[PDB]
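Next up is one chain by itself, shown in structure tokens, the form solved without the named molecule.
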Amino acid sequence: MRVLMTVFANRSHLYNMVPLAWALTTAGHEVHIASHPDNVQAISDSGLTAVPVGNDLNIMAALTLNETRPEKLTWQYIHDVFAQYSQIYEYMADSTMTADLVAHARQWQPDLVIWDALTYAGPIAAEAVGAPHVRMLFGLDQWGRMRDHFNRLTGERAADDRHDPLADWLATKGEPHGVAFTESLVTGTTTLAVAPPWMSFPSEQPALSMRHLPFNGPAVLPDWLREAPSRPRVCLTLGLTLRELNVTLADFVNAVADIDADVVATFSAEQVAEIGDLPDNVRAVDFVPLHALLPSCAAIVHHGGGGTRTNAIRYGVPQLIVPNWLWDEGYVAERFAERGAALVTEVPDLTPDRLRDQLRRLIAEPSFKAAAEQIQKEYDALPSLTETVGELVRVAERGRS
């Protein structure tokens, strides 16, 4: 079958769907990855077929989606979140991008559209051709969680009092292509999850789950990784968060290194300068392939994003999470902490001493390792990518007459 996969130009959201693209490819299907022209090189570097759509995105040059306090989750708040993000997401998948993707769907006529959850050209293109479409998550389903609340609230207001910014947005987006607003434009014929069911939000809709494979991008094994591990290793990838905060970057690095293990730390040229002389047991590296590193690590310290935490899940590695707030990191961090698999320090509570002490516990108390391994066992038992391709074929077949 022909699968049209679409993702806005962002390498992380691309890598999120690379293993699924390739599972579909090696089972025999023809897979096109459609994205803005600036994502073409990344699609190439992943071994896949790029179909450029729209103009370069260049996405790099009050109302949040991670809000979970019940009192803040009013109809008016979620309404306004929807109004704002409807604009942002439009920007991220253009009328040009959307027209190019519809034109390709009409020409190629795919049997399944799989769209990155932030890429709303996906469902417009799919519906121009009655292909069933799968909304692919890239962490927890914040948008579906808010959408469920919103639709529950809406169905109990007066009828004249149910403005829906998503309906106005997506009816508008679909209009030039004869695509009518349905609710399935918002959340997909169905949704594919990348996070394990035990940490996901309850949904009023079903979600396929999957033993998510964390694609780390092109990789060359360095010599130093090739050598028999000397003694316990810890992986430190908190570079970005650390520059943010009289208490110095060197101070943070000296404390974090003061533990019974070798540290592999990812740092800029900028940061390696800013921190000056490194401790003895620290190797600074601008990038490391986690799947080559993590099998030998007693801990990983990181900002709680999906790619890195899926690697700690897959390799059974305890975590020290300093959550960022780009998507779901705070909420997932607490889920791991509750299972005994992680220790958390919020950004506002960050001291060198606090990180070191947490790291020392992860290293010393084997309960964290056991909990991380238990997590790994339950992940290994999720449906394989081959099983998932089998579900996706049932979606495209069940989606046909």
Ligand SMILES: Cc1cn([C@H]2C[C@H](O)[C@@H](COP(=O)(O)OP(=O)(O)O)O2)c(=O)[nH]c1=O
Second form
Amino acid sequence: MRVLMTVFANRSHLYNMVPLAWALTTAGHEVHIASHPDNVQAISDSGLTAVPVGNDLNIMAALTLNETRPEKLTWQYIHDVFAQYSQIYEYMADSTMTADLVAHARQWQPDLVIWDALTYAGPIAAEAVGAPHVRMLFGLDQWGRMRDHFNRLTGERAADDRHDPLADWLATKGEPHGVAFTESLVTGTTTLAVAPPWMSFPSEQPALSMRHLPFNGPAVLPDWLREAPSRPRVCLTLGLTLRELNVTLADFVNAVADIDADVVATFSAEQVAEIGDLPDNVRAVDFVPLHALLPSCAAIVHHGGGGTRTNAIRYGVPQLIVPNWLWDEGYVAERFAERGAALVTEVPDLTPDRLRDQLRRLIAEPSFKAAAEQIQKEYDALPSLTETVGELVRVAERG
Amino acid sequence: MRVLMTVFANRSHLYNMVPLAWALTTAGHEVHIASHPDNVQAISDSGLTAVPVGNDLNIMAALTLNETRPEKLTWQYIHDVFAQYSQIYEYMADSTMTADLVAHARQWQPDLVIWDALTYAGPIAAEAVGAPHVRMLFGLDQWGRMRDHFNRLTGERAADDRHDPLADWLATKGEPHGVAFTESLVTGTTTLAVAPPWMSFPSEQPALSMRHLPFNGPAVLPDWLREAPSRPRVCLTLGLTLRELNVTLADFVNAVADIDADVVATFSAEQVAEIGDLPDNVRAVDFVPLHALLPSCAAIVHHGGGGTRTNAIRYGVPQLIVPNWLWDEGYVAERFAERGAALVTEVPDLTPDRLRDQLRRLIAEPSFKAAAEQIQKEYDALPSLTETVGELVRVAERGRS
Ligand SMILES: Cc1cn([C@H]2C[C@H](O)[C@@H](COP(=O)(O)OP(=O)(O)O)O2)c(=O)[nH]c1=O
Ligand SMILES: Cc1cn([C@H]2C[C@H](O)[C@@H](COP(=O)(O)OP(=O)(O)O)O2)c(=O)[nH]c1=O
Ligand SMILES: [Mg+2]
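Can you return the structure of this protein in the form solved in complex with the named molecule rather than the form solved without the named molecule?
What follows is the whole complex; the chain from before opens it.
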């Protein structure tokens, strides 16, 4: 079958759907990834076939989607979240990008469109040609969670007071293309999840579940990693957070290193500068593929993002999380912590000494490894990518 | 499980194993691709994990393996082909590469080794750690065909008259790693075939067969491929063999283009200058992803190589083959001809008119499309890659205690 994947120009959201693209390819299906011209090279460099659509995006240049406190969740609040975010997402997959992807769908006739959950050109393109389409999540479904509240809150109002920013945007989006608004444009003919169910939001529709393979981009085993380690190894990927936050970067590095273990840290050209002399047990590196490092690690300290955490799931590694709050990092870090596989230090509370002390706990207390390994078992049982391909074949067959 | 795949630094032999690497990766196994450092970039651009071994290879800087005349296939000839190729293959996966691959196999302990059939650091590494190992072909099994002739012939000479260059090579190669010569160092615990069994050599050993997915490398669809085709198309990928033959490169292109279809031809910069004005109906391109082009083509004119012919097979596309002799091109081209799916012109018989006349036939007589279609259908039914991964989990599982 012909599968048209689409993702806005961002490497991380691309990497999200790369293993699936490959599962589809080796099952024999024809796969295109449509993205903005500034993401075509990353698509090519993952081994796949790119279809440029639209203009270069260059995305790297009190209304939150991640609000769960149920008194903040009023209809007006959610309505306004959807007013604000529809403009963000329109921007990320605009009417030129949408019109190119629709024209390619019309000529190529895909049987199935899979769209990254922030790439709203996809369902327009699929409905324009009558193809079913799968909304592919890239962490928790903040948007589906918000929309469930919204739709129900909306149902209980003067028929004349149910203004819907999502319906207006997507009717406008679809209208050059003869695509009429239906809720399926908001959330897919169906949805594909990448987070394990135990950390996920209750949902009104089920999503396909999947044992998510986290693709970490270009990867080379460095020689130093060919070593059996002499003790436990810690991986520190907090470059952005530490550089953003009396106490100096080198203060943090020092306190982190003051443990009975080897530290591998991803750090800047710039940042290796103002750390000055590195502790004898801290290797700084621009990048190390996480799948080749984590099998030898007792702990990972990171920002709580989907790729990194999915790596920690897969290799059973205890986490110290200093959450981002950029999509779902804070909810997900609490979940990890409630299951006893992580310790959490919110950025306002971040101090060199605190990083160090949770880190020593993660090495010394066997309960965190044990919780981590349990989470790994239950990840091991989620549907394989081959199962997921069969589901998507069915999705497509049904029309 | 952990699959340690290994290939010498060569893009084609890598690509040959890219889709199997990925089938395994998305079935959930940990896959390492070990090659010389000059293949690392190619491995990353395929979306795979490179493990560098040995030093850069830089291979693009009487005695053949495609010899099939029975009177030439004496014991002394095969002996000497083995003596010579044992030196060439050592060069291609030398003591440093081998040592590096053995150290990594010791360290990472894979459940299966899958080695490109030309990469003899592979079975050695496997043996050092008792992993089963699967010798992966990249065309016909020329080496096993000769090895079976050689072992039969050797079996009945005088006992003192049974020099085996492969036994002497591989005993030497294995010795620093405590690895003993056994026939399985020559040909693998088992062999994975990439060519459809209808066109394969008979073997005195089993081979897993597979619906070989030909990976065409990095791919960006250009605007021109993405519009509706206005009339039938022909793919011409013969840039190399052409710029080696008073009869001019422009002449070959004029005749070949003199047919009732558009031509998409791959030419270098040097080639396009040397040909000058292109015919109206010819698009010269330095590269075009075959899986995106072929669905719209009535024929493909090419040199008979594995990757290209597997694409023609997959898309059911009639072929005009001008065989090179790098490996198995001559003998496969003859297999397709007999099935009716191709016309052949050897290098020695090649004129502009003969190429054009053959091309006109492929697009005019429906018997070629019919024959290519039938071949496609037999290909669609070979074991899938998912199936091949199961087969390969069985090798790993059976190969344990
Ligand atoms: C910094 C870094 C990231 N990665 C991985 C983590 C992710 O799977 C992927 C993309 O990075 P990023 O977008 O930071 O991941 P996240 O989803 O954690 O925010 O690359 C490495 O493998 N090695 C590295 O050194
Ligand atoms: C030259 C060329 C090759 N390819 C494919 C054919 C092969 O499958 C693959 C590897 O290159 P190559 O080794 O030239 O092909 P072969 O194995 O037929 O000798 O790239 C294209 O898709 N387009 C092109 O223009
Ligand atoms: Mg809670």
